[PDB]
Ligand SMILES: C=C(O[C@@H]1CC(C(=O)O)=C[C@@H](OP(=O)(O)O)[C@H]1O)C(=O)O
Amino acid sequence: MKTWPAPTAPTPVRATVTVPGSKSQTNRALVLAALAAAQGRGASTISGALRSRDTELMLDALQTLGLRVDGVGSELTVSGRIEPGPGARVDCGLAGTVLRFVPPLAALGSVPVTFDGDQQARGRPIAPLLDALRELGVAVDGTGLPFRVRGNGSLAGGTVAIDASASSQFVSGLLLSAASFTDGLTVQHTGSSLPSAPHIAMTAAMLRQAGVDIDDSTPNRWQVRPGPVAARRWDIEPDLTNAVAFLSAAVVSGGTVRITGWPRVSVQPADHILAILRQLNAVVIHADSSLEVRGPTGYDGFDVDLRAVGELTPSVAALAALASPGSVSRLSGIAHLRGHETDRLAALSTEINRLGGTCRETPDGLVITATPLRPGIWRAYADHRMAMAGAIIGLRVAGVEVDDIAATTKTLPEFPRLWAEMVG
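Isolated chain model, in the form deposited without the ligand, this chain only:
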């Protein structure tokens, strides 16, 4: 496929960007609306929902189980119930959320539902979640993708001892549907300990918004009581993860980018995000119906802990590679990344060193020494964030091309255009 030329910013970037809806929130909302429907509480709507390959998959996975999902723009309507036909087969595709949030759903089904995916999907961790479903009543065929959920009519619940070291999504998947389990659920996470805490906290927060009663007062443990999941109107925030790619442009150019409609009240870790930016001496600014970041004139190496916002590593690794020459940055708390279908630690190291950079894995993550970069082909590995990280570097390095910018379609179909409008 042809490459994408990453446009340069030889002068400070000035711009106002609208980023599409949160992928995390959208999919939680679809699963909850699905549940509400199946319980028989009527249709739900999702306003400003993200329309992307990842949400399309959840959409699809959801229609396969029996629900009806309509809406062609940002406004989805969810109705129906869980009635898969004989031989149903959910394609998880590239959506790790489909892989982990939808199998519990099917447990609430009567017929067996197969779960399948591509090569990449298949190298995704999913076992502790499969065993957990077994522990809690569900009959499950397979130890990996593809597997079969043998739904009978309901799910017991009870308490499981699952190690969600491998993915918070194991916990969130269980939590979202546990309201409709028989004995509800009590998830216990073992040892230490939850990387991606905000991801589980976004789920807890949305559950409560749906009127579910969840108890998360003692760390590493969640108690969800059986009860109704409410049909309602979900308002989706702009994806703050994707917004950071855009803000990075202001950071590396000493410029200014405004993100419209930045939520003052978030289910997203906006706090963590702005703090990271202030670490670079970026100037944050709450503007008129926007979030405004003014990049510094330059910046040296930083030590940043990313354990709670692991998804930010590629954009942040890029920022580090573009620090003042000689600067040493250490990206910590992301040991747990080293083991996702897409090892971004190794990915990032590989791609940055191929440009003449210096990026070495450390036991806790990465150390990046800022060294002069050279033209080259930034490989995204079909990883939307790897794609956007290459885009950021290309702002300060001429001749950088991303092999597959269309990997951004996973969470941000219009990235190329939005980036093109921002830079120019």
Second form
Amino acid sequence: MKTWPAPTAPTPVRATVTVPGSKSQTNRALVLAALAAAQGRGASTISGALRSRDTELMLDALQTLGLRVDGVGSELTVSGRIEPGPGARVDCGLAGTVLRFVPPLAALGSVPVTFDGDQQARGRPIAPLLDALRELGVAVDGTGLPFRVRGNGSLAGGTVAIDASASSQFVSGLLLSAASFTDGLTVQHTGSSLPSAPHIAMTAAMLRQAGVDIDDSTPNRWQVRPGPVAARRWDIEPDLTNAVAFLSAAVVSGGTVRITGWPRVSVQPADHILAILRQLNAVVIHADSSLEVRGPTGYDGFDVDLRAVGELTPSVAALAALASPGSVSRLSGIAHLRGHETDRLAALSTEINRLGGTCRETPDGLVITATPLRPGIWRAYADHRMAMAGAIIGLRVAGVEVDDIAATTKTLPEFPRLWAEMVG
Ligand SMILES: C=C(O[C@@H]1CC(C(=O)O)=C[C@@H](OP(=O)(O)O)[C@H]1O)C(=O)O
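Right, and the form deposited with the ligand bound of this protein, after the form deposited without the ligand?
Every chain and every other molecule in the complex is listed next, the one we just looked at coming first.
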């Protein structure tokens, strides 16, 4: 496959970028629309939905369970029932949200639904969630992919303790269907280290928008009351995590990038993002329903806790590599990233060091010393965020090529075009 040459920015980037819908939100909207339809409440529509490999894997998963998902552009309509056919098999691909959000949903069906995935997907944690489902009265064959959920059209529900240290999606996946369990559900995360708090809060918030009663007033504990899931119209926000790759362009080039339709109040961690940009002395302003960032003329090393926003680590590692010569940066809170798409700490370390950089993995992150970089081939490891991180680096390093820029289709199929239009 041909490499993709990352275009350089010998001068301040200046652009207005529209990024498409949020993956996290879109795939939550699809699961909740599914539950409503399967409850008999009717069809739901998702407006401004992300169309990408991860959301296509989700609706296909949903269509495999018996539901009907229509729409050619960003408007998706969900209808039908959970009624899987014989030999039903969900392809989880590399979408963690399918792997983690759909086995609870399939338990409401009445047939064995098999879950399978990419060889790379088979490295992703899932065993805790499967054990949870067993505790909650579901027959599940297998402890990893491929596994079978043997549904008897009913999930007892109740109370369960889970160690979700490896992935917040184990809590989110349980919470999304719990309204449909007879007894509803009480989930207790045991121990500590619960990554990605904003994404469990995103689940809680969208549940409440669907009229589900969820109690999260005590940390590490969630209580959902059995009840109707409303059929409604869902309005999808631009993906703020993808927005940051584009905004990083303003930051490393000292230029100016605006993201259109940035939400003033949002179910995504916008505050965490903006605060991290301002750490690098970027100037961030809200203007005409769009977000504008002005990068500084230079910046030094930073320490940044990413525990709550781990999926920013590749773009922020790229920023750390492009800091003033000699700058030392520390990214922390992100031990759980060894369990992602790919182990992102090893991968980022490998690729940055290949460009002559200095990136050291630590027990919970990366320490990165900015040193001059050289041309090279930046490998994506089939990971959309790794691909975009190489793009950020090539803005400031001539001769950088990403092996597989198509990895970006996971959440942003149009990245090459978008990125080319922003840098030109
Ligand atoms: C891994 C990615 O996104 C994830 C989207 C996600 C979800 O709830 O939507 C939850 C978080 O999961 P975890 O607790 O396993 O880190 C994300 O990090 C990514 O896109 O890079």
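Residues that one form lacks are left out of the comparison. Rigid core (definition): largest C-alpha set, two forms, superposition within 1.5 Å. Numbering follows the first chain given and starts at 1.
Of the residues checked (85, 211, 261, 339), the rigid-core alignment between the two forms shows a Cα shift of at least 2 Å for 339 alone.
A C-alpha shift of 1.2 Å is found for residue 287 between the two forms, based on superposition of the rigid core. Core superposition gives residue 299 a CA displacement of 0.2 Å between the two forms.
Mapped along the sequence, displacements between the two forms of 2 angstroms or more at every C-alpha, sustained over at least 3 residues after core alignment, occur solely at 338-341.
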